[PDB]
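Apart from one protein chain that is not included, each protein chain of the complex appears where it belongs.
Going by the order they are written in, the chains are A, B and C; count residues from 1 in each one.
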């Protein structure tokens, strides 16, 4: 974690060069008072790439490492050959490359891109204000006022607002302004594109659920389905949103490898499976096969799970909801079942008519094992199969 | 439904503070005439969070609850310590959080976001106009004219229009204007991004259908398909758009749980299945299996459904279209079949050559059951199987 | 096709009212010279809704049908009660609703939306210019110059350019300008959103193919695949783009119903299947099953289709490419096969070692039938099965 301090220090040093270099290009006086800071930052930049190689597309580091400054401000070079101090502003490409990889997971990449673009735009605005100040007529005005005027002009130009109170007066000013207008239009377009991209991907799951509900409702409208069934479907979809944001269990768990899927299935269904009379005293591999073949099914309130008198072929394990066991005529409540329990266990060993009616109080979200998968998997574990056959 | 009145009242109170607080910051005279309303709103805000806890990320409520105003306007504090009345404008974060959850289902979330952004932008424009009025030279002008001028300046700045008739004159005005230009560019970019996001998701189904038609047409172009077949396909796809917006039945009904899917299938196919000679007097579970295994198929106008003399293995139930039964030589019309009827019933009990030719008048949209699924499911209901075998 | 003329005439009439009504509101002189056109358009609008009901959300038609004009310009009503002539500009909602449904299939809906927005923006600019002219000081200037000035001001405002040479002078002008600035920002944001939506969906297939190629190349990079195989894959993907725009046959034909799929398969494979020694003299249903079970497979240049000495279980039908039959040692060319021919026919009746080597000159794009599907489908047609068994 010691490299984060070095990265932050390098960011501070490059922001220092970004602010001072154009400012001292405009004002050559500011070179002796900030000399020790310049020397210290030059050493830091020289030593950075040794520390970049240790504990790990490269020209920017070499070009910003060597001190092309400290000589143009010492020998007092002319304007054409004084702009070679800005090669040290190529460190930003590397600072941004480091920042986009030491924060690619905690922060949304679109937001990181937008923030980096905003910072680059502010630095470029400072540089453009310095360039505008340089190519101005010499007048006796305070330096702060002349900076606040150049910065006001460049912010007015970059935002495409264009008040017009500060305008070009010389042909060189006009050419510079044309260039700055082009870059300002490009940068504002980039900002708008970044914002539009950031906003498009915000509510993806809500929009997907809304489109699914609209498509289902339109299809049921075509098939002339009664309003009661549509109301039940809309209440289901709403409950799905308020519980799992409209996500089916089967599609989420196909995004995982076999060991992780097995671990999740065990952590969900272990005690509930283990505490079954039929399967107690059986091995762990048989339990794993069952724990891997349970199919999620959500039953709405008042829906029929098992009806009295039907043949029946499935067993159900309650995971979240509640259930009422009732008579054939639905006059007497045998029992109320909650989490951790099960019903329909007397169907994996006999194919007899069912013994009661099962109804749902609220949304159930229970798992189900069919007798076909159970018989399929029972072929490879004959000991249990014998116990089941004797039980029958 | 009593909480909606309270939410609307809280919205009105916070819009009141949003309008009055900056206005009375600019004009300290407006504090006695609106004193009872201020007291009443202060009580409402104090009592709101007791009513927020009952019948249900929290600091904004506490910071807006306490009256940091009513003292800066009573003791006549100076400008640095007079801006502590605006902490009560943090209630907007909670009003927006309530609005985005008491209307997340009726309104498109993108539209709600755009409307909330527009309201926030108007409130911010009022506040920025007040701030611009505050840092103006003292002159004897009517208050309404000075507000209409500050509001004109801030609307001109926020929209990036920039007429330039009203411009900064002092360094403080220049700094304030630079800040306002930056926020105006950000807010306009946000508005444009919201509008682009809202417009991109408008005609999703039409675009999907258009891309499917284009891909199919291009693929048939590669395979050099005759124009008649392409014309038939385009007429089919068009009928699919004018009926179900280009949606396949099988993919729509996989978006539903087993009980809801069973209910929809029963409500679609119940009387049509029930009134079959072969299956009358059979149980409800057998009917449910058939009602669950019917496969949708749309036949175009003039298409062959059953041809005379073929072996044949399927039965068809008419759902929407019309049919003409015709001779082997297609000279005599045996019958015309409409909704609620069926044909090909003498194929689930014998594998004999067919007895007539079936043609479609218009698009049919009929269901079909194959003899393989029927035989598969007949294994678990032997009583019916015996009746079928004796019938054969 | 007579309704298109009526729709175009209604569009012309409503564009006439859109241009004349605000213009004659500004200039009350222009009411007698254009009186017959106004009467004729009023009759046309009165009679339109009788013709809207015949040969087929309704208030706009009734509100634009009755002549609320022809009285405000006849009795010379004052300004508050003179703006009731613009209710007849609600016909645009219906003209646009008709246009978006009589051209929803020929034109891209995004382009139609953009064009409708542009037309509405131009009409609104004309109306806003008229409103700006109305609330101007009375001066003796030519009407054309005053219109060209109001239109210049409104175009400068709506585009967010804001030259500033024409600016408000009165409080009413300032309020009107604030409103127009808000609507101009909204309309420009709408235009930008429409353009971004139109441009995002332009090159969908090319982008999908590019992402597939990038993903495949990156995955092969991880697995350290030799450059020759990567080059072969890239040449394949390129050929897929230059032939079918990167579309797999199997996914395109699952977008069609069973009769259309059968018709396409017959039109592709009919003569090629029919002219097979093994299957000649067989029925049409057997041919249909084969024509429905042929699987597309593209072989690259120089690839092995059948190798000498392998067991072999498949038959291949050439559809587009060319093939070279060669010896076990690949020294002698037995034959060259083109479209309409086949090879490997002596594998659906015996499971013997193969008799030659098959190589591809260029990309083949040939179909393949396995012996498993052939045996599966041969169970239900025993006569052919007997002929095959005797042939073996």
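In the analysis below, a contact is a pair of C-beta atoms (placed from the backbone, for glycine too) under 8 Å apart; a residue touches a chain by one contact, two chains touch by 3 or more.
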Candidates A:224, A:258 or A:331 - the one touching the absent chain:
A:258
Given C:89, C:128 or C:196, the one touching the chain that is not displayed:
C:196
Touching the hidden chain, out of A:127, A:162 or A:312, is A:162
Touch residues of chain A, complete complex, unshown partner:
104-105, 108-110, 113, 157, 160-164, 167-168, 171, 174-175, 177-178, 181-182, 184-185, 189-190, 192-194, 196-197, 200-201, 204-205, 243-245, 247, 249, 252, 255-260, 263-264, 267-268, 285, 380
Please give every residue of chain C in contact with the chain that is not shown.
145, 148-149, 151-152, 155-156, 159-165, 188, 191-192, 195-196, 198-200, 202-203, 206-207, 210-212, 215-216, 218-220, 222-223, 225-226, 229, 232-233, 236, 238, 297-300, 303-304, 310-311
Which residue numbers on chain B touch the omitted chain?
160-164, 192, 196
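The criterion applied here is as follows: only the chains that are shown with their structure count from here on.
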Could you work out how far the Cα centre of chain A sits from that of chain B, in whole Å?
23
Quick one: which residues in chain A touch 2 or more of the other chains?
160-164, 192, 196
